[PDB]
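Construct the complete structure from the given sequences, taking the supplied hints into account.
So you can see what is in the structure, the chains are spelled out below.
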Amino acid sequence: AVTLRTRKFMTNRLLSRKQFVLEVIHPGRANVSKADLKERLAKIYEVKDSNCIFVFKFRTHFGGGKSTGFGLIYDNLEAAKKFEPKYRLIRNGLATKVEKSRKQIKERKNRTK
Amino acid sequence: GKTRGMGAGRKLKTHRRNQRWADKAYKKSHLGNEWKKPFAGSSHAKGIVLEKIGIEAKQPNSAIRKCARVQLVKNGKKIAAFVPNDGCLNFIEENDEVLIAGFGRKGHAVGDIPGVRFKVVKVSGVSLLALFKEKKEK
Amino acid sequence: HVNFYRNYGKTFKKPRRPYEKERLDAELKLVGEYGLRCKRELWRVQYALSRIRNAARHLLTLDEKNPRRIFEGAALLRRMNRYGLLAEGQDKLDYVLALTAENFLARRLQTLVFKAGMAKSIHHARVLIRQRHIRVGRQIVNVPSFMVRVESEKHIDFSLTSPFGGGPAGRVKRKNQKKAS
Amino acid sequence: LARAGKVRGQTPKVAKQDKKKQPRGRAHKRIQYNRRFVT
Amino acid sequence: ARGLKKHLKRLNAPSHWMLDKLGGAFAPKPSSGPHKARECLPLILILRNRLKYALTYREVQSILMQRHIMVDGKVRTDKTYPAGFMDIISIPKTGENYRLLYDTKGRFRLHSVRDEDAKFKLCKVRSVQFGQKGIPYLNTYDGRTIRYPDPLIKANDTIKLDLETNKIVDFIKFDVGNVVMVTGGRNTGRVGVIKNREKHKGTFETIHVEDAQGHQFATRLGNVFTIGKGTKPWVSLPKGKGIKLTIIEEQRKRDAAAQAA
RNA sequence: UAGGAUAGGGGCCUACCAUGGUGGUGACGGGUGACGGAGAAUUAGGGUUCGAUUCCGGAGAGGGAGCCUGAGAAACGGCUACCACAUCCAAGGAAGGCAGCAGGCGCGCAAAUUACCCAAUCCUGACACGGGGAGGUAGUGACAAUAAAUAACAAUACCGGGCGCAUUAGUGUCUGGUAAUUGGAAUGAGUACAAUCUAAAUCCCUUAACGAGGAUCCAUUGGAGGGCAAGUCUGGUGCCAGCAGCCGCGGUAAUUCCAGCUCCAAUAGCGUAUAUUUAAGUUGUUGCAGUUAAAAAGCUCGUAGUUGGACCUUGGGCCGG
Ligand SMILES: [Mg+2]
Ligand SMILES: [Mg+2]
Ligand SMILES: [Mg+2]
Ligand SMILES: [Mg+2]
Ligand SMILES: [Mg+2]
Ligand SMILES: [Mg+2]
Ligand SMILES: [Mg+2]
Ligand SMILES: [Mg+2]
Ligand SMILES: [Mg+2]
Ligand SMILES: [Mg+2]
Ligand SMILES: [Mg+2]
Ligand SMILES: [Mg+2]
Ligand SMILES: [Mg+2]
Ligand SMILES: [Mg+2]
Ligand SMILES: [Mg+2]
Ligand SMILES: [Mg+2]
Ligand SMILES: [Mg+2]
Ligand SMILES: [Mg+2]
Ligand SMILES: [Mg+2]
Ligand SMILES: [Mg+2]
Ligand SMILES: [Mg+2]
Ligand SMILES: [Mg+2]
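Chains as they are written, first to last, in PDB author numbering: chain ba, 9 to 121; chain ga, 2 to 139; chain eb, 3 to 183; chain ya, 8 to 46; chain ja, 2 to 262.
Source of the hints: derived by calculation from the structure; they are not laboratory data. A virtual CB, placed ideally from N, CA and C, is assigned to each residue, including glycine. Treat the hints with caution; some may be incorrect.
Here's a subset of chain eb near chain ba, in silico, CB distances under 10 Å, partners left out [unchecked claim]:
#1 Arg18
#2 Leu26
#3 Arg137
#4 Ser161
List time: in silico EDC-like cross-link candidates among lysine to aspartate or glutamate, alpha-carbon distance up to 20 Å [as the list claims (entries may be wrong)]:
#5 ya:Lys13 / ga:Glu98
#6 ya:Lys13 / ga:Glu35
#7 ja:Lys53 / ba:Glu115
Here it is in structure tokens:
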């Protein structure tokens, strides 16, 4: 029995997204997963694609029952691909990650040719 | 009495400057000899014990205050250093590494002890209080 | 290294003469009546009160019609009337000197709880504040020195989650019931 | 030096009880209050 | 040092950039441009901090190299461009114009305009004097230069520059009795009509100004910027018509704001 | 003055001429455990001390000196030479510079990680795109600062003061304490599904089932002659050991030592040590003192310094609130 409201909401067709600060109120509930918020935001904005949502920076205020955070609704998944930082895509699983070992990442390799 | 002229600011600043020297504490701090003293402007000073000696006590009292001659490893001075408490001297031993703290009274000898300004607070890197109160033995 | 630049200071100063029967008894009076955790708690109040009183004194040194005086006096009396520390018609900037640590200990949420009831004791009040039991508007305040304002006094009350008036019982209740049934 | 530790060794050894904790923090000041000037 | 300093740490960034203390070590460091880098506002501070069209450094980079942003009528890919006073920013994707104006507190505002009151900009002249082959030209404080200037235009005057013919359309002769909008010092922001101008041999010539509602101040010739001839300015002034009001009145206005709400 | 050199003024240098410049208003020299400043501590006012340090300016790369490339370097995460130091050597030669991050030796009273990341702030490149030990995050962290647990409420009880009468009672009201008393309540310290956080993990903030009987989920640091709040308690010691910042305790009835019980002070802090500010009107400009306590030159002349007698119309007014 949880609620869902937004504020500080602005649409910029520069980066082709609608960006908001959501103010979720979940009395009794421990907290709400970002995935669990995805379907509610998607069905209240009928975004036609529940993958165009990227929501983050959740807090769960002192005392519990109310959490804040940012949200990003894109209007073409193409623009979601291009105007996004690399890690929210990985969080939603839209791309995968690799690891580094930087001995002669460049140093020894700057010697031979 | 005072020069209260309006244009005598030079005279009064120079007077206070010359007369600030007849104050003992100022002369002691701004003459530099703390840097010829054994700590040479130090809080504590670590050293090595040469022998536990024992020195008499001033006339109103009567005792053998158990002091240790130590040598300072930072500058080579040798000094005396009280070992404060009942029986606690025995934990000290010759050529053990001891931290010489101030004994109090800000660089001037304290109590009935003649010519001692320094106290031992650590030996072999273990708290001398800890050995007195059997908290942590060396 | 930024995060270096974040200021921070102190909240009190220890008294000059450590050992006097008169000051020591006065401090024990205040700590006993307002149920404090130690006399650091008392000692903060005098620091804050000294700061505000000195602010008032510097103003009263100057003259009326001075824009600084009017502005800061208006602000100061607004601050005090918001915490219910000066009364009606007593917006004068001379009754802000007459305030004393009685008045600041009068506003701590321990005192407000005990005077609103709901506590049965002031030392009961402090703990009841600390076991996440009382909100103010809708947020639980677990600070015994919350300094409740007058437009917040009317609606201090129990939780929506605490055993006394909110929802589920405590763990000892649920243990007793589970071994009773 | 032969007399170092003299009285420290002379004194007999005596051991404590298990005095019940006197409550710390707030309750300690409660007891000081209602022991000094409510009693 | 041995060369140009290219980092600007956050606490050295001028007071009127309003940027917070603990958000990081550095500040955008405006590039050497058309405005004096002490009296400027970079495009990142325009997009990110004020308009919130982005939320990071890279997001403003995305905004700018989409080619969306326009300065003085021509697209700009720079991200520490030192915009200044009466630079116009258009965003044709949003069909939306800003003209970058002070307020009375000394900070920049983005005062909106329509297109007819955006086709031109407005700036003063640093100096008018000769060049190659004896052709006169003038140099503004905007960096801009104009060749064959109208032989009446003198130094300290102000001109309007259309963004298509790219030359004068009119000029206001810096004189007593026309309104200014001071752009430096403590009085910056406050509009008002000159009542006097006193000159001293060998140093700065000061201007005495009055806020149209009575208050009177003075400032040296550097920071005055005549807007319009007479009392009527030729630019749409910000929300508060260039009147700096005492802090007491800023209290009364907020009391009056809350007491009707 | 004439010129050279420089990006340019200039004794920056040369030739010639002149003999000047500074100095009791402290030059020059000497000391500095002296980079300068914004500022830090203390502050009734005046002041006193400090300022390596993250912001700005300067300087320096082991000590000096000289240079190329370049708009910018007398650059050292560039070179050339010398001095100090040291490395590899197949014995010919060659390569060096952590006052960058991390780390090791040493010095010392005295100072953490040989971790992760470019996600944030900004810079940099031919550049949306790479790089960034700048920077940020996690680890040690009682440098300092903040909030803040270690119990609360009840009736029984030997009690203990009014108040129901006060007499003569008795018990009775705020519950004061010794109650491992008796009892059901509450909770987080900790543990833990998760979720959230995060560039990825983690701390936190939220929260499922755990998680309290006072021995435990146990609070200490310094004292109890005065200054200074709190023992004319009990045993030992016998001017010994020892305490004691000062005064003093200790030589057989020790409130001071050493210990047990009790109490006090602060209490997650508290003592010791040195430097320093207040106290200190004992540095006195505000604000000291010089008959006798420390202190008027033996006396006069005296140049600079300091200080300087009275006098010169805004004298009576209209005016508008
Ligand atoms: Mg004596
Ligand atoms: Mg540098
Ligand atoms: Mg730039
Ligand atoms: Mg010449
Ligand atoms: Mg030096
Ligand atoms: Mg620097
Ligand atoms: Mg070195
Ligand atoms: Mg250099
Ligand atoms: Mg060099
Ligand atoms: Mg190096
Ligand atoms: Mg290092
Ligand atoms: Mg003792
Ligand atoms: Mg004792
Ligand atoms: Mg005493
Ligand atoms: Mg006493
Ligand atoms: Mg002591
Ligand atoms: Mg004593
Ligand atoms: Mg003296
Ligand atoms: Mg003195
Ligand atoms: Mg005197
Ligand atoms: Mg005499
Ligand atoms: Mg004379």
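Looking at the structure, which of the earlier hints fail to hold? 1, 2, 5, 6, 7
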